[PDB]
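Participant: Dock chain W with the ligands against the given chain P, drawing on the hints supplied.
Number of protein chains: 2
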Amino acid sequence: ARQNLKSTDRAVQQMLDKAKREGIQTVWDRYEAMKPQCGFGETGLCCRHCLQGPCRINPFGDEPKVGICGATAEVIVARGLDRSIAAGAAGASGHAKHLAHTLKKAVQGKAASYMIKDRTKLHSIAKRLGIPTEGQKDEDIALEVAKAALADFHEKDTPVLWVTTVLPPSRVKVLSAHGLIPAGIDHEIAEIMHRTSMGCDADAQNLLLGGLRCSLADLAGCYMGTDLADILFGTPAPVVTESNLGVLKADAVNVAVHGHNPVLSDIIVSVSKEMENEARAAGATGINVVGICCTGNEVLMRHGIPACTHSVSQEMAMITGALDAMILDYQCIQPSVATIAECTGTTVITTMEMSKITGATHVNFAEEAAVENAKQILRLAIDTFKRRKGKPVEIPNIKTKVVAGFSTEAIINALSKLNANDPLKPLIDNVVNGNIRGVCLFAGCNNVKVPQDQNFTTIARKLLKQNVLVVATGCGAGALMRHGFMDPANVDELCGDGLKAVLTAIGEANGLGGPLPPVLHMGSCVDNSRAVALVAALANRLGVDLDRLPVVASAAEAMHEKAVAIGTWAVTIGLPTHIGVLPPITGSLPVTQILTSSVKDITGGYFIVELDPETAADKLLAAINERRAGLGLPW
Amino acid sequence: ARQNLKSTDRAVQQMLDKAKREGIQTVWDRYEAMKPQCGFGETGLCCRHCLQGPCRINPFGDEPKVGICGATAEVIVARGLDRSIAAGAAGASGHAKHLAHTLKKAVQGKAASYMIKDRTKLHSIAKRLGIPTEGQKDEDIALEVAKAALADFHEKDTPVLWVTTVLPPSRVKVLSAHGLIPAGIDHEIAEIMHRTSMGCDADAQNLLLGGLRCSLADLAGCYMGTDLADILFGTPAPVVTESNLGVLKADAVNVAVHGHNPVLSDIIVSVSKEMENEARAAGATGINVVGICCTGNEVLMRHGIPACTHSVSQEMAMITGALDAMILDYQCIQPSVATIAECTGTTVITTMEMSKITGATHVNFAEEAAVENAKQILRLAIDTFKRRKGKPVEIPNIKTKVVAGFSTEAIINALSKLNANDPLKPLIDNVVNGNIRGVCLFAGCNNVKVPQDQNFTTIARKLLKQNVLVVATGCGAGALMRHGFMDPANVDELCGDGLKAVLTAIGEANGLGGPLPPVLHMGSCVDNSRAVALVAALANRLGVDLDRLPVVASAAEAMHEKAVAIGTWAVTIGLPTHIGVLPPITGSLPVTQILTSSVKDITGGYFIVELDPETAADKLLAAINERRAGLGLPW
Ligand code: SF4
Ligand code: SF4
Ligand code: FES
Ligand code: FES
Ligand SMILES: [Fe+2]
Ligand SMILES: [Fe+2]
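For the protein sequence lines, the chains are P and W, in the order given.
Here my numbering is used: the first residue of the first sequence is 1, the next is one more, and so on.
Here my numbering is used: the first residue of the second sequence is 1, the next is one more, and so on.
The following block holds chain P by itself, in its conformation from the complex:
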């Protein structure tokens, strides 16, 4: 088998060969067994929203042409897309809500493993929300912030403040004029599910406007999640670590944290240190915590925990034979891990009540008992390490160097070394003079349909040569880090001369004797909100709205409903937004035309659907350069 057709990651290729000779079925094998996939679902021309279905519509030819109730292709496609947006927003809702409850418990004395670690961020958030801080105790300010977070989930006398206070007034005004500001996060999710049920909304434009509004509920959940996690766990600052499977160590207890909400896995990191001597008593060198997916990104950004792998290739960490435990919260966890565990000697542990996997051990995490829970979990991992005494393992000796931790605060701080009282100005100066052509945010997942990482790296390489400042989150950051795009030693090879000059100037003013890395890692999927903060700050500093800035986004290998929601809010806030896999819209030309063209007249953003990555890079560069021209800049 030509494993490079499955993944461009050489460590993944090595583990695919091991899985093949050991007869362990992988995600790629399950994909092959699924082909050919249903074309009605692929194009969006299937509806199961009532028990008269399934209804399907032929993309072309003869009947069926319309759903049983009369729903047109337009309506079916838009309703399906809307439910995907609501599902994505629901995951942001759950993640942010859990942190809000954790912060409230911490300051009420109910969860002493948690605390206010970033008091400055707490006060800034409170100020942004309009909560008084002068003369108030930090615990009372934090209680008010947590109450405000919980209030944004339902209707009240204000709209969702984690939208209206984080975008510039001119953008809020555009959105309000179109009725797009969410009334409440869970309120919008429920309204989507209602309006898309049988015999309700049946006008494509009306449906899609509802979807844009629900996507902003996802944005609010993202921003709230980042805000609360920074209060609780610290705002990221620049870190150096490593990525890929070679970060596993045969002689250590290897523990992966996997999922998205790091609420317990930030605790796992701290407790794992305490238990070093206990792990050594078991014959290990220590506990080696490694990251998978967003939870991995969270602890990478804040603590420099090395990232083992991401998204589509997550099973491969287990195939090494050296993964003693995989500690799960929720989201993006292939449930195959529970069955593979029996073959590989990994202990798979679930921790959240609403995310269990048949066959995996469940340990009831509670903030109130977080240290206790962590010790129970890590002792299972130590037990598992002991059971593999004397078993060879196959860890690919493949890893990259990763500089990360570029929160928006960290980026502004780095720029302030060039201009202390106007830190965005050096960035803008270099956009104006062409040393920085524009900004591209890579976001979202890998997808088994695309050879792993191929779109991210192909597009990033062409943008970097054209002097684009590239920022990344989620498993887009994962793809780029595992291929060396976060190692400053690769700036000469990857970057155009103008971009190299800027990364070098900033790095040398931050005492590095060397440049910033080719790509700036801005964190997890909720931390796409950090990219919003940066872009909104640039818009404010320039006095223009986001749809005039040379800033684009690319969900180059999108998979999860979360990625559909993110792409939709990127469009809603004003960005040209590439998606590199086909969303289920091509069965309706009118819906496609709205999402790729006429939405420009509503929000200024628009989708760019392009599966060929070289072509996508050209289209993204054209979008950037069109924005440059609109600002009167050379390009």
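Treat the hints as calculated values from the structure; they're not laboratory data.
Take these hints with a grain of salt, some might be off.
Which copy is meant is left open, so a pair is good if it fits within one copy or across any two.
[As the list claims (entries may be wrong)] Below are the DSS-like pairs computed for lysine-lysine, each with C-alpha atoms no more than 25 Å apart in a straight line: (1) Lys20 to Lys35; (2) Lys156 to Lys110; (3) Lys156 to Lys104; (4) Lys105 to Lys117; (5) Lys500 to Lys619; (6) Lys18 to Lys65; (7) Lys105 to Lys156; (8) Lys449 to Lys65; (9) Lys65 to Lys20; (10) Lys35 to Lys449; (11) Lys147 to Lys104; (12) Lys117 to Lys127; (13) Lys20 to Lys249.
Facilitator: Then chain W with the ligands, alone, in the frame of chain P:
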């Protein structure tokens, strides 16, 4: 074409012949064009929850056997079912929330077309919720009730009170022990959408427990909707009217109200009276308001507005040529009505922001302007009547007599004429002595897969002969009313001797010189909550939980996600619950076993999946008789 294979309603058959010769496509034609339907969707073995899909699993044979991410058939089936429950609950959320806002506006002086019409119900609801009434103005009590309603949508220091205050403490205790009490209505909807997204919950039992809890969020929305509509519009009492297409009048302006939330259509009824002389100036005899679907049931129950048709046959009202306007809110409206309108000369009008139909005129209803909006709408209808001057119409001269209005308060009042201070006792006496074998609630829709009404009438006939007290809501009530089951003149033919004796005794004590009708119409789909109130009151009076009572439910021709949610909460509160169409569960035996068998050990209720109505009636009778035996009663 043998139209009796499509509908057992003879008026519908006549209009199907008219549609055929005029070349107007109907729901039945669109169904035929859809056959054969996809077996993966039919069985539940399809997933589109991420962009790696669609994934499908062969019910039997070879690969594919598992989803791409590892999701098993169990997981796929349970996730799909859970999303359907959440969608149903979301419609109850929207409906109830709109009424809560209407009540709040009314008592704040912001919507003078609305008012407190049932002060006694207001005070009783307040007492049930724990809101003080002594010394308080009605407007302040109502503000507190509306605030409490809105609070049940989100988490707070109490669970959802429209669950915990409406079921007996022993039932609440059972549900709480299993973690099934909702934390908030929209909170549960969002948690379902999260947990069912890719890489989250992947254990069938855990998923289905979440679904049971979300179904109780639907129950809360139903009960809240009924409570608030009774405050605003009056609690139903016994009414006499008519049903079927013969209620249309060629010489009148015929206006159908269609959808579910009657917030404007209760106003349409009152304003239509005011405009009699204006309609007469246009050459009509008056404005003839008629009902379709739940909104029709609402105005039938409160005002005796005749019901034109229901559910699957709704297009046939238009085919007569005499329907001048169809006034829509949301839910259960086939969007085909907008295109048929061009053929039939009907003006189709949408009124709610989140439910538009391409090609239909939209009129922006606002409580604040309700009378103004109603006049605008009715003037469009008058204009349309004038355009059909001199056009023949074909109204089938087919109608039945309907006695309805059996709210739980009305039933208790009727029984109190036999026992003033213990009004449930005469009902219980007759259950004990066998004159009443048990109670069956018919609920939910028609479904194009089932010859219209055939399951409702076949099952009802066999239960009535076996002395079952039959109550009905929604388009189950619609089916039964259109076939004479709400006409007391049919008691001799339909009812067993014991049931006849009871209906006669109650009727003769209420001054009727004649029995109650064979079936008691308890209202719209949210008014399934009234059946809960009756059953909970019987449980309380007997000192037993609902899972010991000889009470069953039947969604005999279910269609909408709403009907899936209702069936699931019927099971959750303890009832044997028949469903007469196949829900998408048969692709997983473990899920089927949970829903039809092992849930008995959790809630005491269970699904009975049976597509053959004679067999379903036997299974429902066996369920009733098993409950009788458990109470020590003869059967
Ligand atoms: S909502 Fe309409 S299109 Fe969808 S399954 Fe039901 S009948 Fe078919
Ligand atoms: S969630 Fe799993 S089963 Fe569903 S479409 Fe995605 S890969 Fe397939
Ligand atoms: S027909 Fe294949 S996704 Fe429904
Ligand atoms: S394969 Fe037909 S419903 Fe998906
Ligand atoms: Fe992610
Ligand atoms: Fe209904």
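Participant: All hints, please: hold or fail.
Facilitator: Hint-by-hint comparison with the structure:
Proximity of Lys20 to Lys35 under the C-alpha cut-off of 25 Å is restricted to the intra-copy arrangement: shortest distance 19 Å within a copy versus 41 Å between copies. In this assembly of identical chains, the alpha carbons of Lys156 and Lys110 lie at most 25 Å apart only when taken from different copies (17 Å versus 28 Å within one copy). Proximity of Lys156 and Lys104 under a CA criterion of 25 Å is satisfied in both settings, with 20 Å inside one chain copy and 13 Å between copies. In the homo-oligomer, the alpha carbons of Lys105 and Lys117 lie at most 25 Å apart inside one protomer (15 Å), although the nearest pairing across protomers, at 44 Å, exceeds that limit.
In this assembly of identical chains, the alpha carbons of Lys500 and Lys619 lie at most 25 Å apart only when taken from the same copy (23 Å versus 77 Å across copies). Taking CA atoms no more than 25 Å apart as the test, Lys18 paired with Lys65 passes between copies only; the shortest distance there is 23 Å, against 48 Å inside one copy. In this assembly of identical chains, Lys105 and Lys156 lie within 25 Å of each other by CA distance both inside one copy and across copies; the values are 23 Å within and 14 Å between. Proximity of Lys449 and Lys65 under a CA criterion of 25 Å is satisfied inter-copy only: 19 Å between copies versus 28 Å inside one chain copy.
Proximity of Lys65 and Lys20 under a CA criterion of 25 Å is satisfied inter-copy only: 19 Å between copies versus 44 Å inside one chain copy. Taking the shortest Cα distances, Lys35 and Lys449 sit within 25 Å of each other inside one copy (11 Å), while across copies they are farther apart (31 Å). Within a single copy, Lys147 and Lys104 get their C-alpha atoms as close as 8 Å, and across copies as close as 24 Å, so both meet the 25 Å cut-off. Taking the shortest alpha-carbon separations for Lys117 and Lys127, only the intra-copy value of 18 Å comes in at or below 25 Å, while the best inter-copy value is 46 Å.
For a Cα distance limit of 25 Å, the shortest separation of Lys20 from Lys249 inside one copy, 23 Å, qualifies, whereas the shortest one across copies, 74 Å, does not.
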